[PDB]
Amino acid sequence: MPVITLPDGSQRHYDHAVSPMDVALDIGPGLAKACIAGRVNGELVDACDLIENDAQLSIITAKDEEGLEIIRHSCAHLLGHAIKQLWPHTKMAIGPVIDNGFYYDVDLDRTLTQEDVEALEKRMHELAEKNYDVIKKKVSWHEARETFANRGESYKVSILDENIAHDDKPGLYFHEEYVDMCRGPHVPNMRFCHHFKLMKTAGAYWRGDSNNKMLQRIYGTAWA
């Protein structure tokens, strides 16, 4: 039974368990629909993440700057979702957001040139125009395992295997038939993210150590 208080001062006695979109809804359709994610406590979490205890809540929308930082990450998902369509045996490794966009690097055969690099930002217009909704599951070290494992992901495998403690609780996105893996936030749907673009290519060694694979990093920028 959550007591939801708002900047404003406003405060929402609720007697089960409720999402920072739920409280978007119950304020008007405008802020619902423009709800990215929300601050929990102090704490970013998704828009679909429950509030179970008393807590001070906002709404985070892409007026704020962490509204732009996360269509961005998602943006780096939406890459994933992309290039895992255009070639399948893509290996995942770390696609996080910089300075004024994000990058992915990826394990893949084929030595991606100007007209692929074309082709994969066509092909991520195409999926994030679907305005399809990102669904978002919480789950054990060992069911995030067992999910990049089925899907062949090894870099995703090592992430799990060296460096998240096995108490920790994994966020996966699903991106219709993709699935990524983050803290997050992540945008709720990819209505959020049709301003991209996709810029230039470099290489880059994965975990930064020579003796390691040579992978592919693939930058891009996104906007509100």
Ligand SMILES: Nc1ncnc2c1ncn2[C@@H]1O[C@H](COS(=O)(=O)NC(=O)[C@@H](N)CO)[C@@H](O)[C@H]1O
Second form
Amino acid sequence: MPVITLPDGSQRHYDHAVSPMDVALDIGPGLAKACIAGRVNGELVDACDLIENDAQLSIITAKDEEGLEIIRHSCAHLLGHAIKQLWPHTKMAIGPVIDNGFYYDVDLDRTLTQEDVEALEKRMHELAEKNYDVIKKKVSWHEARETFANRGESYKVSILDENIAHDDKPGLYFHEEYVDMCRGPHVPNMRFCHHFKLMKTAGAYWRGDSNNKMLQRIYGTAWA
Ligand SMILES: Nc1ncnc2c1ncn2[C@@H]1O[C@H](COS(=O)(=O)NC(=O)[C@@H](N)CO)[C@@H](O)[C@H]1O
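With the form deposited without this ligand done, generate the form solved in complex with this ligand in the same format.
Full assembly next; the chain just shown is listed first.
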């Protein structure tokens, strides 16, 4: 029966687990509509993550620097969703939110030209405008490995083999037919990711090792 304490000290008593989105809705329609994620006992969580016990909660919106960072991170997922449609055999490596933007390192035999990047951004806009829900699922290490192995995503598989413990539960984020892996949080719906643009591309060695393949780093930025 969690007691949720908000930043101003107000408390909400519940007799069942509730997510940040559930609480936002209880507070009001405006806050629920603005809700991107939550901070529970100091840690960022997705808006759909259940809060089982008494906790301090803060609702994250686009007015928070954290909300902007989450929007940027989900735009990296959007880039993957789009690039996988334009060039299906593209392999996804790492795509983080960085200062002032985001990027995604990709393995594609085709060297992307300015026109290709423009085509990629165009598809991203079309997909984001569909306002689809981002579906999160926490799975076992092996379940995540099989998901990516079946998609031929060798870099994601390498990440599981070398950088994620067998006892950790990878977070999978589904964007329609596209799936990515992350600690998140990510936006609850792509309606929060309509304002972005792709910039330039650069070369980036996988794992920073010049003996490994030089991937194409696609930079972008987003705002809200
Ligand atoms: N439980 C976890 N679930 C998923 N990723 C995790 C987890 N713990 C640690 N990670 C690491 O966090 C990385 C996320 O990297 S990221 O650059 O922020 N994001 C991504 O590469 C993609 N989500 C695309 O945006 C994963 O590749 C993995 O190395």
